[PDB]
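Just the one chain here, the form deposited without the ligand, laid out as structure tokens.
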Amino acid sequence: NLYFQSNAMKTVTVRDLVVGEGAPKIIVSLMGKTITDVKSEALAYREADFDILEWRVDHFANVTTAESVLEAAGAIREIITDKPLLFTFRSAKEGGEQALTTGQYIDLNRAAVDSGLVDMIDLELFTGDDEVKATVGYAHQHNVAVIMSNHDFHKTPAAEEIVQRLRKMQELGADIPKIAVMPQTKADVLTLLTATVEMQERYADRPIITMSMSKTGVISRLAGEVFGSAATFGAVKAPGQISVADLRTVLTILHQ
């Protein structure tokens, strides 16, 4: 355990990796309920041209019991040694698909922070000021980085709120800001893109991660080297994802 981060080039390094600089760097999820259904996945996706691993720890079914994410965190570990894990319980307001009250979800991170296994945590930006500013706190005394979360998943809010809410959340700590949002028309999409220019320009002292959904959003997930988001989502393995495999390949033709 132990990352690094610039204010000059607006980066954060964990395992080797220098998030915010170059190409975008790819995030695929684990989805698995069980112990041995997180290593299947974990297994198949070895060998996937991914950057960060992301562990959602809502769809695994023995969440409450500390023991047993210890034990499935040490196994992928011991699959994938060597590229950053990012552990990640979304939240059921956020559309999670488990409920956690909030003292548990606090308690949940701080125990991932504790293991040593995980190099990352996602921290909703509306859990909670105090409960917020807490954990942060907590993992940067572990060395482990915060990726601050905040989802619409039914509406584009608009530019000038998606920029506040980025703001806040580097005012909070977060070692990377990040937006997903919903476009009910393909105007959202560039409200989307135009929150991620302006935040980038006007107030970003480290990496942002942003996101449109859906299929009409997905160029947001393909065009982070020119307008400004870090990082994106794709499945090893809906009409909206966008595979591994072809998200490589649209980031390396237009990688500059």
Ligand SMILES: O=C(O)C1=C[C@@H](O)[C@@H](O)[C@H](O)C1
The other form holds:
Protein chains: 2
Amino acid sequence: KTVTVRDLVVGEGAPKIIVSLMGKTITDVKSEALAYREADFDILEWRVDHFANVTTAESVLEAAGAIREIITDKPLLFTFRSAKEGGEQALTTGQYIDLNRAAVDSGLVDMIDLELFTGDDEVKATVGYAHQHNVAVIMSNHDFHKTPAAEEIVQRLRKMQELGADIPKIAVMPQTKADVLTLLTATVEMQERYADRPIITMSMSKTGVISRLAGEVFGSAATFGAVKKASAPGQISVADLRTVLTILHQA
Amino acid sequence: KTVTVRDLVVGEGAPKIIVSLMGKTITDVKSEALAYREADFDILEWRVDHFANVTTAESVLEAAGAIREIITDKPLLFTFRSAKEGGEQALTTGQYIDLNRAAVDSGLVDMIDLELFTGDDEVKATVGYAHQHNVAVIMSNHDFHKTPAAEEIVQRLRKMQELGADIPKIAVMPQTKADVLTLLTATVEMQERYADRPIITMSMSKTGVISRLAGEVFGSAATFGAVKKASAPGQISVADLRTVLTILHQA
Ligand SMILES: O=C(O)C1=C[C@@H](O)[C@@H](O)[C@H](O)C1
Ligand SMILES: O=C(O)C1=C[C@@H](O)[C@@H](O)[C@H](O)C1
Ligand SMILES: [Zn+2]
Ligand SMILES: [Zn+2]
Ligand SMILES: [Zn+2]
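Alt. form deposited with the ligand bound, vs. the form deposited without the ligand above:
First the chain shown before, then all remaining chains and molecules of the complex.
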């Protein structure tokens, strides 16, 4: 029901805060890490798609090591967000899978992100590989154009569980206020019908910001905040995020 | 359309904060007003149903005057909540109308609360009477045990507009998380399709707390908070409420 990554217990208490580190070079990654020591979050997501030398394994490994040397007490989530799903760069399926396998091999990351629509066989294999190294998997899906029907959102989260995700995650784009409620409904329905582990959901953009602030009642276990710049539309500053989460938790 | 009550413009910007004052005697009322004086809220609601011998109009008017002497810069809302709607006591329809008209006549109150289910003839005439004296009307309905279907919530809010309410208000109790989303759905449908004035909606208890915070995005113009140290589930202190409402407004 819960997922423990280094003493952090996800799926219990107030929603956990994830922030994304985005750096093009190892120098930028180190500088950003140093700046992120001055923020209050629970999980550090390294957005590897922002890293220019992603196709050079040694460079990626060096950067992950550098982050770990600076940010020593926060779980590290390795995420290459594909351009197909709103990220900064496209890779072939093989390159993407091999990149995540290399992250797992490094022993420097606590979690990897795998995109649900990468391919079932590849996802299953990579989940197994991660698990044999005690690395957790956040499985992800995005719709940057619309909000699918609640039932479709629920079935995608359910499939993520079937594929072995430790934490299913979905982000959708509202076109109307009603779409924000559709995302919250899907979160509630997934919780009561299928979830046997934590899930993360969000409705993007300013229109959907309430979904990033109210996950405790509806069933989203974590939420993203912005340190200096948002890594997806709709994130608010991390200190304000903790403030709201705490107020709601004690309400 | 907005509703202006002494400089306060309801229906524009972040939702407004209403606090409720309860006292049995003029001494209780003075003590509470002194305690509330420095708190950060927008409208002071006096819950007259908690006051003793309300059928003695003169004692009620003396208490209203006492409040106005202490709280000089906040709009004052006069609310007799009937027992049938979760209040402390009952009055005949005639006594209730006379009490509210006496409040209008005093010049001490900026708004009165009229319950939708009081009866159409009496309500509409008293709305006219209040308007004749430049007193705004919040028309209210409450269900402390359950949440009506979204369609019924919308119907009630539409009827309040039809009867001439300046601000339709509904508060309902969720039994499930889905009930909270039902209340938000009704708020969105009402505000986007039928509303031509500010509306106030709320889902009670801790489960419904989102409804006190998301007024700007779903269409509720005000929320209720606590001044008092000790509060109830779902009720947020006014300082914390202002903090969250501002964070959402500035997101
Ligand atoms: O909606 C969000 O806040 C995000 C979703 C994921 O794609 C993350 O990888 C991204 O960095 C932030
Ligand atoms: O739940 C609350 O905090 C309240 C809501 C409104 O009905 C107010 O009229 C009532 O006095 C208190
Ligand atoms: Zn190995
Ligand atoms: Zn007159
Ligand atoms: Zn009942």
